[PDB]
Structure formats: structure tokens, C-alpha cells
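One chain comes next, on its own, written out as C-alpha cells in the form deposited in one PDB entry.
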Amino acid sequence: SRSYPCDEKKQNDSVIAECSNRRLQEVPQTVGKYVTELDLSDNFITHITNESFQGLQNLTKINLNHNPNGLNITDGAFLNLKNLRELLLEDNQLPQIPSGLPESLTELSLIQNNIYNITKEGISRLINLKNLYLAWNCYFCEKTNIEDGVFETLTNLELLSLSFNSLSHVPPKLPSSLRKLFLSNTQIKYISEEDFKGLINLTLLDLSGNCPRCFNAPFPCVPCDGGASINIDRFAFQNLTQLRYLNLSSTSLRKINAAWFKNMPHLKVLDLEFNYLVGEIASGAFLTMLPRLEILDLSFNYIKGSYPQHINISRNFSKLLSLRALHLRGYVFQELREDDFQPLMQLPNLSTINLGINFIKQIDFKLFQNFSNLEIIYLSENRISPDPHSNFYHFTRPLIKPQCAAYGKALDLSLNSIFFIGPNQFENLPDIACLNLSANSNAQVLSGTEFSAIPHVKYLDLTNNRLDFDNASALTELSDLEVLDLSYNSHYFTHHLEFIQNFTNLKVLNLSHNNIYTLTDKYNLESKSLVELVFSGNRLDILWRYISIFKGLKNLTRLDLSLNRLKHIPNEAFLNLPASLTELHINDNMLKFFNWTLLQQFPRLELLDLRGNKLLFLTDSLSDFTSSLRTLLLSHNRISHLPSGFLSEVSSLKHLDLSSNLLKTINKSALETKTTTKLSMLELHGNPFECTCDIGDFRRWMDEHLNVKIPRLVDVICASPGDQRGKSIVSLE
């Protein structure tokens, strides 16, 4: 009863079948007729007929995206599916909308296809449609033919996306039930009062990319004739009273009509990035019309050739009473004065100030104290001295890593020009708990006084610098430091690390890619609180005086020793690792042998990662050395034989990864498990399986042990003989 070729999984009392990226030539008839959702994306399927989904009558969702990785769909192929609600047909080279789609459809996605006609024959009959995605069809094409009144009969439509299509005009006769209307990059130069007149339930309106300002967009940018902007009529948004989201990014706007927001009291998110609104930021009457706006983005609105000394912020910015986040990237200015941000200092909700990519030379950091409730001060990329389903115009990822921001106030001074930490670097700064000084080419010799103005930093990111930590007092002024990131500080590597033992609350230390090959005077690393140490990209092969380099880390539960060019680990060096370790990574090394007997001195070890090595042999009695190892990763190794009693005896082993190895077969004695095992997963893909009659004993064990899940069955391929080469080991006599 092992499912092939899909991975069946009961999700929330509904069996779903994952069948993506499996090189399938056609829709398989070996899919369980009890499944509700089927995902056949990224396959080589070229034909869909009325007999493709026969028997699967309980199918509510079908995914056929990127097939073949054109797709020939016959009329009424999906018509037999009465319970079909969601159908995804993205990137299939469809020349027209499939005729004869089931009436039950509520979600239809026909993104990035060759559909140039939106006709009533394939749309008007689908009255249940709530979400219709028709983006990237007639994109760079000679205009999309939208039949007059094609959307009018779809009285249940809540979302209509026609972005990245040559439209020229807003389609007439749109259903009043619309809540989200996406018309980005649709070549719509004019918006009239009649275009969005009957849409009172509209919460989102996307008019971005129409008359665009070109700025490294991953799609063609062709600006309007003579630097013209989008022409929105004064009363074009007088009926959209429920509008919460308005996207006018890249519309070459120079003037903003305040009358657009008179009958828009609920506007929550406004995107005006990639425009020419420097003058509107300085005076703007529209700022007094947004009392409930929480996110305002005015990024990349700079005037070419203009590098002003200060940013001109209108006094009307004090009227944005609900403002939580202000994005002012790419304004391009030289100095941030205390009186420049006066209109923002009394806003109670303002927690995020985004000033990234502004080429600011000086900032009066005392102004940040005068703010009501700032939590994120993003100043990355400044000159301070000592996918069709994504948002294309606005940064969606967090400005600061959530693990850093959770500690408290965050300041991001990364990619700046702080080549050394001056004595006044952090004077007059609020109580900063998260600090990012990444990629500053900082070559500071740390002495223990550089962070005295902000001593409550709990998360310090110093990655991509050339810092000096020879002094045992380095960073010790930060007595509450819990996370220290010193990745990519390989320039410095006397060579000391004695500062680490002074911290009373240091939990995570990352010393990755520091190329540490030598340690002067003190050769050991000590700490009573350190829980995780990342030592990847270093030279442990040269180090192995360093026999007990990590023994001092008594509280250590996680250790990463990957990418250290380790050919062999001395037996004494392995025994000197912290006994408290619960997770050890020694992946991507050159280990020829591994002494499994030494695992007896690690009673809490739950994860042993030995991937990307050159291991050959395995121990006969692993149960005698481990009684806690729950996960063993051994992928990309040279193991050619599984020993007798390896799968058995180790009761704690729940996940064994033997993929990408040299296993030709698994004999009867190797899998003759005398005792019961809670092994819930076994990865075996990428092995050169000799598919002769010898593999039959392993195949029998797969049927007798259905609890042991073997993922990627299509990738567990036979190497020999010629008649079975390429085929899965589960599909044999």
C-alpha cells in the first residue's frame, strides 16, 4: 500500500497527493481515488483529456503549473469533476482559455500563458468564480481582447487580476462584488470617473507600472510619452469608500490630488514609490487626508542630479496619526538634522523608519530619542562615517532579522562607511537592543569601550568586517550580549578568542568563515552559557595544543564543524567535545573514517550530521554506542554496504538518511530487525541500486513496513540492468 508516484498525506482530515517535480509524461492513473487535492506541477505532461482525472471525483483542487517543464487541453476535460473548486493552469503555453471548464470552479489561475482573448464562451459560464488570475498573458502582443460584459455575469468575483497585459483601458462592466482589482503594468494612461464607479466593496486597487519610472525592474519598462504620469480623474475614486490598499508605484506622478482621498477614510496602505514626488513630500495637501494610514511608502522618488543637504518633510506629516511604518528609501540627501523629522516625533504608532539607500553622510542620532515609540531604525546603505505572485515595488521581507528585532529597539547601520568605531559613534542613541554593523569594512581593534554608549545590546551583527579581537576585553562592555555574529571576519585570522568567557548570558556565537587556523596563548574556547557555536569555514584540520579546543563550552548543545577540510578527526579530539551536545554537524568535510564507538560519551546526542563526506564503513553494533540518536544524516558519501543489525537495535532512530551513496542492495541480514523500531523515515534516492532478483528481499521489507516512509520514490532508480535502468526500484517483478 505504498503510494506511487505521489506522496499521499492526510492534511486536516483530507488526503492530499503531492506529485510535483517527478518527470511524469502524463497524469498517473495510480493516484488514490480518495484524494481531495492533487499537485502535478513541474512535470512533462503534454495532454489533458476527459479520461485524465477519472475516478477522482472528490478532487477539489488541481495544480498543473509549468507543464511541460505547450499543454493540450481538450474541451470539457475537467467537466466530469463536480467538486472541483480550485484549478491552477499557470505557465502552460495555453493559446486560449480552456473551453468547457466545470461550473463549480471558484479559483482559476491562468497566469503567464498565451491567452489574448477573454471571451464569454470560457468565462461567463463560471458563475461561482471568486478569484480570477489572468496575469502575464498579452505581455510584450498587440492588446488583449476583453469581450464587452465578460465579467458582468460573474456576480461572485472578489478578485480580478489582469496585471502585465496590454490593456490600454480599464475593462468596463465589472461586478460590484469585486474586493481586489489588480491592473499593474497594463498600459493604462487614463483613469476616468466611470472606470471604477460601481465598485463600492473594493478594498484593494493596484494601478502600478502605468507610465513607469524605470529603475532596475525585472520586466520591460517603457515610459509614457514626454514624461507623462498616470492621468487619474479628480472623482475617479469618489465611490471606493472601503479602499484599504492603494498601489500607485511607478506611475511618474509629480502631483497628488488630495480629492482622491476625500471619500477614502479607511486607506491603510499607500504605495507612492518610483515617482517624482519630492515636492509633494515637502508640501503635499494629501497628507491631511490620511488619518487611518498605517503604511506609507515614498521610496525612490529622487530628482536626478539633485543631492540636497537636507530632506524636506512637510509639516502635514503630523496629520498621519495612524502611521506605523514610513519608507523613505532612495530620496538621496546628505544630512539628517534633528529639526528635519519634527513632523514625525509626536506620532504614537510610528515604529518603523526606513531610510535605506539614501547616501546620507551625517545623521544627528540624538533625534531618534525624541520619537514616541521607535522599534526599527533602518539606515543600511548610507555614507555614515566614524516571481509573478510577489510584490514587485515594495520590500516584503523584514528590514531586520526577527531574531534580532525581538530583543528590543533595532538600529541597522550595515553597508555604511564606518571603517572604525569612533568614540562618539553611538552617543545620544536610545536603548538599542539589536545592532547591525555588517559590511562596513571595519578594521577596529576592539578594546572594550566602543559600545559603552549602547551597553544593552543583546544581538550584535558584526558580519563582513576585518575586526581585531586579540584583546580579552573586546565587546565585554555589552554584559547582556546573547547573540554575537562574527561571520566573514577572516582578515584578522596573535590570534585570540579569550573575550568569549567574560559573557554571562552569551548563548549563540557564530565564527563562520573566519579561517581560524591558529590561536595564540590560550588555545581553548571557554564559556558557561554558550548553547550554540558555529565554527564552519574555519581550519580545524590545521588545529587538529588544540585537542580540547571546545571542552570549555560546558553548556553547548549545538555545534557546527562543517567546511573545515577535515580528513580525519583524532579520537581524543572527538572525546573532548562537550558531553552536553544534542546536535552535531560535521557535514561538507573530507572524512574517510568515523569512529562510531566514541558516540558512547555523548548520551544526549539526537542529531549527527555527516553529509558530504567520503565515509565507507558503518559499525555493526550502533545500539551499544548510542541510545538517543534520533536523526542520522549520511547523504553524499561513499557507503556501499549496510551492516547486519544497523536498521534494528537503535530504537531511538526515527530518521536515517542514506541518499546519494553507493548502495547496490540491502540484503536479508541487514534488514532482519529482531526488535521493533520507531524509524518513521528512510531516504534512499540517488543510490546505484542493482535491480536484479537480489533487491526482492528489500522490496518485501518495504511492503511489511509501511510506517517507514521512503520519500522521493521516483528518484530511487535502478542502475542495472539495461531493461531496468532509469526505472524506480518499487516498479519491478
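Numbering follows the first chain given and starts at 1. We call the rigid core whatever largest set of C-alpha positions still superposes within 1.5 Å between the two forms. Only residues modelled in both forms are compared. Compared with the form deposited in another entry:
In a core superposition between these two forms, the Cα of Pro220 is the only one among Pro348, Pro220, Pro265, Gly149 shifting by 2 Å or more. The two forms, fitted on the rigid core, differ between these two forms by less than 2 Å at the CA of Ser41. In the core-superposed comparison between these two forms, the C-alpha atom of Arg700 has shifted by less than 2 angstroms.
Comparing the forms between these two forms, the C-alpha position of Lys668 differs by less than 2 angstroms, with the core used for superposition. 138 to 140, 214 to 220, 673 to 678 make up the set of runs between these two forms where every Cα shifts by 2 Å or more, each run at least three residues long, with the core as reference frame.
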Second form
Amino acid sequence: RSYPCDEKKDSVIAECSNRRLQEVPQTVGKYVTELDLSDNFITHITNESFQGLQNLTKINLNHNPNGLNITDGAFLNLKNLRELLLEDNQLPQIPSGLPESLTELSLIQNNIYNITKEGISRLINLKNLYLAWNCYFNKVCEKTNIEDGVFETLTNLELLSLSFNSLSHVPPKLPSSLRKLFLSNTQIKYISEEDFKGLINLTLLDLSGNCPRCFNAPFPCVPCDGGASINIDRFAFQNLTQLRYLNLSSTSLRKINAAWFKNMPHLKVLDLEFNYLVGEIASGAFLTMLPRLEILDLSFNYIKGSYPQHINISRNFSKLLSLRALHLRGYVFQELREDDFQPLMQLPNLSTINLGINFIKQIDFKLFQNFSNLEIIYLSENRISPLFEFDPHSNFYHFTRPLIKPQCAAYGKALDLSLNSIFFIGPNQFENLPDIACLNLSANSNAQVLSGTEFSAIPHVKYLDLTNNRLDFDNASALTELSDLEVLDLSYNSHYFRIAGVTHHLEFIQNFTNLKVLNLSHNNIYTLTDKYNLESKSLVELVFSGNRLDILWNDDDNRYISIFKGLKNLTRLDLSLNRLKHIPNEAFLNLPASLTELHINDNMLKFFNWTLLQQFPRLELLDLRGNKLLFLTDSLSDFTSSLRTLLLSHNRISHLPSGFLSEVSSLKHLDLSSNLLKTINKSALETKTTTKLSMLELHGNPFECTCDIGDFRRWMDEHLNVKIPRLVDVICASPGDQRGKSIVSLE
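I would like to compare: after the form deposited in one PDB entry, may I see the structure of the form deposited in another entry?
No partners, no molecules, just the chain.
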């Protein structure tokens, strides 16, 4: 049994990260090809650390310890080591005597201020070299010395990242093999005609954050004198004929030279965020030179102190024939009129329009249907009313998550109006819109009494997000015009639900013949009007977490005893976070017999009636994590032949009954972590049959490592293929001389 790592198997990974290791383990399998030792407490690497492990092609030593001392030549023996990750190790230098086999080396987030021939010029197979984020913001550090011609040797180098270092000039003598060159936030003020003249293979150039626009910066930001623009020679990009990505965000551009793009016939992504380009947006010649451009980001180009009535888009936007996505967040303007987006309306592939964070107060919605074919109309975070801190592997200037959840966007055209002030829905709000399938009205503080007409103009919504509002369910016909609805999210509408004296009608749920997923979480539901039962022939999943089943199922009240029984198709039910101390037997018995997955985690349960599992013959997963359960039934084998996964972590169990690990015929995964087990008896292991488990989780119990643990230790050896994860965290609490050892120590 592999220790302290967990092995996964076109290569074999030893997962050994975040395990408190104070040394490289000397027990790595000889068949391992990738070794992850990140996030431990390792302080020395030498030539003995990985002795003879010639199958290792990748080693991850990021974030050690929690500086890392690597001797000269420590890795030199590894003849096929290709990838070495040494991020966030407080290194003062590039380690010497690295193996010539390397194709990827990462030294991100260290204290390296000297890039030398001695450290890298021998690494002639290098393909990707990451040196970003060694000297930046208000760190105490030195300007980076790049030894003249250090990279010139590296004739296979395709990616070089030097961002977030103090460089002052583009390094000379770069190899023409480069494809991707990242020089963001390097304090370069001037790009010469010579800087990139031989980089005829380059596909990506990142010059962002040189002469930055520092107003309202979320980091320590140092502008060029006067807040001046980066200075880019007219001929700087003359031979960059392979460029697809160009990042000039936060370079304090006021002017774009259209002829910069004369010899980039492939440019596909242009990032121009956080500049001063309102004037170029209105009249820019560069827009005519980009007929293959797919993504244009012009976000945060606002004029400080200016709140113009309208956005001013050049007619030359009509020449962006391949455009797919246009991001215009943070331009800052009051009203969007149809005439204002005329230049975009014939572009055949413009599918995403992003107008987030513009403080727009009014939109002429009819305009969107006159575009050729929008699929994402993203208007989140405006003012519409009724009609180390930075991840070095992510984008610095924006989030990269999808604008609209993929599960909602998969249904078809999407309109996102979240985080505005559309506090009620008037009879004309959705007039003249495309056939919207995905609608987001989250966080509009909406208090509407939905009554069956409000979405009549967009009646084919399939995924509706009404979260974080204050909906008032006073009318049983709410939402019944949406006949095709499949997903409804009503999470965080507690406002009226918490008030006993107003009405709460959830009758409408029965009207949907296509509804599959319903989220009622965090509504503080404790009382309903007239009809006490939820009913649906179609619903498969109900999330009811964060409500008050403790009240609904109070022992003095019989009204809600079948609240979910009428969800005749239900397979997944989440009752977590409902303050439950015990469930009435009759209420448990009235849960739908169709259930396969039942979550009751994070309640306060001291009692569970196991016998009632006899009435759920399709139940595969039962989650009771995070409760106060003091004991387990001794008869689970009599109550289920379907249960596959039983999650019981974070309870107060101190004894495992006879047969618990063997007798349930279908049980594969049993999580008993973070309970109060001191031992596991022989009788628990085996009765008439032998275990069918494939995973048993036990970390965080106070095991007693006397000879009384001997039967379980022998059982572990007889049953190697029962995975017990985190053996390093399956720790003797006693006796004193064994405290802190994994139970897997001692004999």
C-alpha cells in the first residue's frame, strides 16, 4: 500500500501534495512518471532526492515549504525529466546544473533577479520558460538583469514569460522560434523597430500594463511620466505576420496606428482594455485593418468624470467581418438607442455583446433583434429599471469564466439582466425581444406578484434565473405561461417567505410538463398558504436547502407530512441546512420512492431511523455528513440492497457494528472521516461475507494504535484495492509514543 502518496493511472501520477511532508519521500513507485509534491514543507532537494527515478518526466515542487534549498546538479541524473515546476519557492537564483532534457521550466513567484547563461543556456530543448512575477508592485526586489544573449541559445523556445518583473527594455537576442512572448507589467515604456524584428513565428504578444492607466487601480500602479502612452515604433510589428493574439490593455493608448496591423493578416484576439480610447472607438481607422478579428475587448475605456448620453461607435465597426464577441464594459453611458449600434447590425457572426458595468439607465430593447444573430446579450450590472492576491496563471485584467452559465446558455439565446433595478415586471418589459431561451433576472430586488402573463412576450424560456430577489408568491398562476420551462432557480427569495402573515402560493409548480430542476434554496420556507404539498409529474431534482423543515415537520403539525410525496418523478433531493434535529417517521416515509440521491447533510440530526430505508429501493447515495449522529444501526444490511455510497463524515460515531464493512451487498463507498472512532473491530470487518467496498475514508478519527488495531491493519493488507485516501491524515491519537503517526506505521 503506497504511502504517503496516492497513485492514479497514459502515465502514472503520484499525488503527494499538501500532506505536510518535510522531505522528498523515498518510497515513490519506480513506475511513476509524474510526481506532485506541491504544497508541503520540503526545504531541501539534492542528488539523493530522486535517485534512479528515470521514468519521471514531470515534477511539481510548487509552494514548498508551506525557502527551498536546491543543490547544484540535484536533478541532473534524470535523463528524461521534461517538466519541472518550481513556483513560489522563494528561490534567489535559477538552480544550477538543471538537466538538458527539460522542455518546460516554471520559476514563477520567486526572488530571481538575474537571468544567466550559467542557469539556462545549456537547456537547449526548452520549449516553455516561465519567469513571471519575481519583482512587482511593492515587493522588495531588484531590477532584473538579463545576461546579454541568454535566450539566443534556446532555438526550440516557443513560450517565454517575463511578466511582472522590472525589465525597462525588451531583451535583445531573442530566438526566432518564439510563439508566445509575455512581457506584461515589466516597466517598458518604449518598443523599438528592432525589438521583435526577427520573431516571424510569434502568435501571441502581451505588452499589457506598460505605461499603465493607474486611476482606481486594485494594485500598486506606477504610470509613465505624465500618464503618457506606451511609445510603440511605427515598424515595431512589421514582421509579426503570424500574430493571432495582441494584448495592449493598460498601456495608456489614446491613438492606435492602423498600420500596426498591415502585416498581421491573421489577428484574431485584440485586447485594448483600460486605455483612453473613446475617441478611437468613435472614429478609428484601425477598425478597417482587422477583417479576421474574432474577439475585440475595449472594456474600461471610460473618460473619467464623463457620463455621456450615448455610446459612439464608428461606422468602421462594420468592417469587422469575422467578429464574434465585442466587450464594451466600462465605457459608461446613459442610454442605448437603436441608431447607436447600426454599425454592428450586419456582422454575420457577432454572437456576444457585453455591456456590463456601464451604468446604463435605459435600453431600446427592440434593437437586439435587428442584429444578424446575437446569442448572448449581456447587460448585467447596470442601472436599468422598469420600462499573493493575483493568480499568476489567469488573466490579470478580467475574469475568464463564461459570461452566462453554460447550463443556461446551452438552451439557446440568452439575455442577462442581472444586478439591475428591474423591481417589478410591467406588461411591456419584454416586448420586441428575440426568442429568448435563457433569462437571468438575478439580483434586481424584484417584488412582483408573478401571475401568468409577465413573460408572455418571451414564452419559450427554458432556464429561468430569478435568484436573489424578493418575489411575492400571492398568485397560484405564477410563471404558468412558460410551458417549455425546464430549469427554475428561485434561490435567495427569503424576503416574503420569512413573513408568516403574507401569503405564499407554490401551486404553480404542478403546471409545468417539462420542468426538470427546481431550486428553492435559502428561502427560509416555513409556511405555505392553502396547499401544503409540492407536486410535479416531471421534476427530477429539488434543492430545498436553507429552509425550515424543522418547523414544517414540527411534531404538533400534520399539514406538511407529505410535502414532497407528489414529486412523483424525483430522483435527487437536497434537504441540507434545514435545522433538523429529527425527522418524523411518517414524513421520511412520505419522501418520494423514486429517490436515488438524498442529502440531509449540515442539519443537527441525533437520530436517524435506518429501518425506513426499506421503503426506498432505488436509493444509491445517502449523505448524512455534518450532523450529530452518535451511533449507527447494526442492521443496515436488512434495510437496503441498493445503497452504493454512504457519507457520514463529521458526526459523532465511536463504534462500527459487526458486519458494517462487509454485509451491505451494494455498498462501494463509505465515508467515516472526522468521527470519533478509536478502533475498528474484527467483527466489523467480516461476518457471512467479505467486503465489497472500493473506498473507505477514515481520516480524522482518534485511532488507538495499540495491538487492538492489529485486526484492521491485517485487513488493510488483505484488501489492497479498498482505497483508503489520505493515509497521512489517518493518525494515531494514542498512545503517546504513537501520536501523530499514520496508523500505517508500526507493526
